[PDB]
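Here you get one chain, nothing else, as structure tokens; it is the form deposited in one PDB entry.
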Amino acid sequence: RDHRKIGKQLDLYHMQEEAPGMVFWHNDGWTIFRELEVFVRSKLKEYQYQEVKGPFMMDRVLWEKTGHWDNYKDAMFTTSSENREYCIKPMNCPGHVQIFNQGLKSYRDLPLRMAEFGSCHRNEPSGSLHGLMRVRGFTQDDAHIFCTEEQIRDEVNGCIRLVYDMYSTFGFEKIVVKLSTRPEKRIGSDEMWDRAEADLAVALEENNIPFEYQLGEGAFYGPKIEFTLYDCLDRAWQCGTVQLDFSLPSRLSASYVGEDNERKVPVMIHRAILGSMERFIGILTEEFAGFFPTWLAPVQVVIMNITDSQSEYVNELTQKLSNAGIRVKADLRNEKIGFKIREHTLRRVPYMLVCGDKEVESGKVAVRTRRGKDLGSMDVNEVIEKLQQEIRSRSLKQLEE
């Protein structure tokens, strides 16, 4: 179930020598990416997050202030313009603080949950690159929550609940959690680390999550909870993550007026639920072996005619399903129906509707699935409603199975 092989076979993406670790998302792969964005956004609305977009690069000076230059320089790409040096962003946090810093903030504005599908670039050693799992350019379903110390418990718990909420949709049987503590190179005092590490351990236990410590693997700015998912060879990949930061906001001069009218520095919680779209799609591709649940399938339905006699009917049905919000395509090629069915089956299209004369006269469609199940003739409106239900619910199972 190598996602690199499935990606090629289903025409999802490709990579080349001229752009090591850089993904070229083909139409079908990009459709999956976009559907995941829709899913995340639905949750961003439910869990009350703003959504922003920061710049691709910022002056080296800013990255020096955050501690990224001294603790993360080897992973950063740099460029220049008019005698000034810039770092292509490896993280979205600094840009979020810049947005937070615009306009006076009050305790009444906290917690302020700021999300972004942020494109990050990291100069990963070429020898460590691996398909979609470890790339140099990726998009994180990132967010930074600015809050008070008293709000930490509730906000971290909210992030944890969001992870299991979203992961439940995919039916992940194996989710391993780790708590990564203070690394050798770090910012912040030992006292701050004691408190932050304790806050995350308490959160994990209060949520009934068994976890193991991963000494010295925390971020330079804070400890981190790692939600590990596994590929087909059972290799561990860090996907979701929650990090507790008491240092970056201060370094970037973030503050708010407290209920006491005094200037305070907000705590910042960093979290990514899927991790990166690239890595998450890599995990899903191997988990489903290419049989993506209908709500995620690049093409959900393909309608085929037996002969030119049913072409008009097929076009009408295709427009009807399309107007119903289904990703559907008509296959009116001059090929044998058995040839068309095999092609789409190999592409793992969830449903294939075949239209012969009896279907046209009947106003029905012959339905079969990529698994080879023959559902027989069904009423068009019946199939539309069943499909909409499967899609809307993001069900892992297809009609009857």
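Positions refer to the first chain, counted from 1. Each form is matched to the other, and the largest set of C-alpha atoms that superpose within 1.5 Å is called the rigid core. Only residues modelled in both forms are compared. First, how it differs from the form deposited in another entry.
- The only C-alpha among 193, 313, 291, 72 that moves by 2 Å or more between the two forms, given a superposition on the rigid core, is that of 193.
- With a cut-off of 2 Å and the rigid core superposed, residue 206 has a Cα displacement that reaches or exceeds the cut-off between the two forms.
- Annotation for residue 183: C-alpha shift of 2 angstroms or more between the two forms, rigid core superposed.
- Fitting the two forms on the rigid core leaves the C-alpha of residue 238 displaced by at least 2 angstroms between the two forms.
- In sequence order, 173-226, 228-238, 334-336 are the runs of at least 3 consecutive residues whose Cα positions differ by 2 Å or more between the two forms once the rigid core is superposed.
Moving on from the form deposited in one PDB entry, kindly provide the form deposited in another entry as a structure.
Left out here are the partners and the other molecules; the chain alone remains.
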């Protein structure tokens, strides 16, 4: 249940001292990451988020205006060009605001939801670095919603649904939500805060969620709610956040023309579901103990032969399965069949398709799983259909149950 151990065993990634806290993603691990990306993008489509890409670094003046120079300075990597200082972005928010600021906005453009897979770098102390979980370089499932006050509640409700949606896909249904309210001194009026906090609380109660209050624990720039998922070992992972920000749009001069034809400053909401996607991959790796749901599995199927008499057939099948959109490898080496089955079982390949002479003759495949199950002889097209359903549904469970 160490994601580093499992990571090494499955050849997912590795890290080096020449890049502390920075992941080298191998093919398989990167495949997992990319499937994560695909899922998130399906959610972005469904929930109507734009997807953008911000610049890797921006001028120091900008990060002064945002407040990062004051409150983020030690965490930021600085580099320079032509007598100008630049910070490598710890956060994607200012870039998103910069994109928002291009072109005149009106209320008709709101709510505006803007998402990115944001590459962030934070100069974390080397001694605090652990695996995929505490890192220097990472990617957030980051987004920002620009809306009217009147929209806030609805949008919050939208985020809440998204959270419980996404977590549910991974089999985390035990979730604790904490609402952090105003500190003694804050940006924004008492009224704005009453409205926002009430929006959060009501949004939660409409979803029937018994949230816990953290009183006075909100940031100076806004109130927030945070989502903590419990894994199979019942250990808590704080992942998702919905955070109101009154500081950012004002400092970056974001505005829109109201329905009353006057200048308004947009309400801004930071939202993330997974948080660091690397960290989330670690969490999943430990939750599943290396058995990834077939949709997330780097290699979904391994087709093997007894002798070379089946080699050809195997190859055929392989191409076929690859054409059907399945990640499939052929294992042709001369080794005993049990040998192959054991090796790929330890690699946590969801399905192993064995081809002997009878399979070739009958145009079938003998189906086995990493759980040690014999699924018996099966029609190839049937197998492809079932695998395609398992993947498309992102089912947590394999065949036969």
